[PDB]
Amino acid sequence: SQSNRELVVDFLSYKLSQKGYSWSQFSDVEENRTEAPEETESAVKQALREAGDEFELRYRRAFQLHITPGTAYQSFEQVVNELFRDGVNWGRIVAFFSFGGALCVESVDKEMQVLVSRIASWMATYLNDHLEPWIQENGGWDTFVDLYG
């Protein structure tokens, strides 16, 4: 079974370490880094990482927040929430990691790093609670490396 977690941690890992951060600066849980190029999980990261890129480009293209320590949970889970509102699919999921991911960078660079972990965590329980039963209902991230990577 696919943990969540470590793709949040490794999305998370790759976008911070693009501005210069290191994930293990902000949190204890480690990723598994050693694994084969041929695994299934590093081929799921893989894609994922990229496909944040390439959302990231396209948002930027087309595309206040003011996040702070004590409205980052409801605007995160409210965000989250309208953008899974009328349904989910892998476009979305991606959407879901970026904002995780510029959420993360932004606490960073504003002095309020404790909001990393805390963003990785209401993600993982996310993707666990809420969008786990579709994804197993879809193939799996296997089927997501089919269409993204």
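Numbering follows the first chain given and starts at 1. The term rigid core refers to the maximal set of C-alpha atoms that superpose within 1.5 Å between the two forms. Compared with the form deposited in another entry:
- Annotation: Cα of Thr125 displaced by less than 2 Å between the two forms, core superposition.
- A movement of the C-alpha atom of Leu16 reaching 2 angstroms or beyond is seen between the two forms when the two forms are aligned on their rigid core.
- Annotation: Cα of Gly91 displaced by less than 2 Å between the two forms, core superposition.
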Contents of the next structure:
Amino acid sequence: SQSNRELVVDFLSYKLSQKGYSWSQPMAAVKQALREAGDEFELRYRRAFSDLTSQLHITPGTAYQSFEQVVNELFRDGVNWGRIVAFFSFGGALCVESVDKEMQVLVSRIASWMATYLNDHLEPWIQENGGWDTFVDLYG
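The structure above corresponds to the form deposited in one PDB entry; please give the structure of the form deposited in another entry next.
Since only the chain itself is given, any partners or molecules it might have are not part of what comes next.
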């Protein structure tokens, strides 16, 4: 049902693009800006970022609470957009590490942890600081 609605959207976007028309989904610009910000972040802050990624190794036994503890330090005295990009890059690095160590199954678990931590901690800050649209225009 959600699956069948995504198939429809995908097909119609493809067909409209093929005929010279762009049917932009609401989050397209946000997803692009965040891919670009994460790339720039990992290129600018390699050493500092390695100090953050060194704080957590996820195994099949790991509970959300261990992830939440490390991310709570990142946001202990508040949220900013740079720390949100760090959060996304951190989750990326944990997924790459998981696949390196033949624990592919943990990628969907880490994804669910990130979505949980966004819902609980970051989305309420986002809504009072301009939304994802502000993040898009700040990254330029």
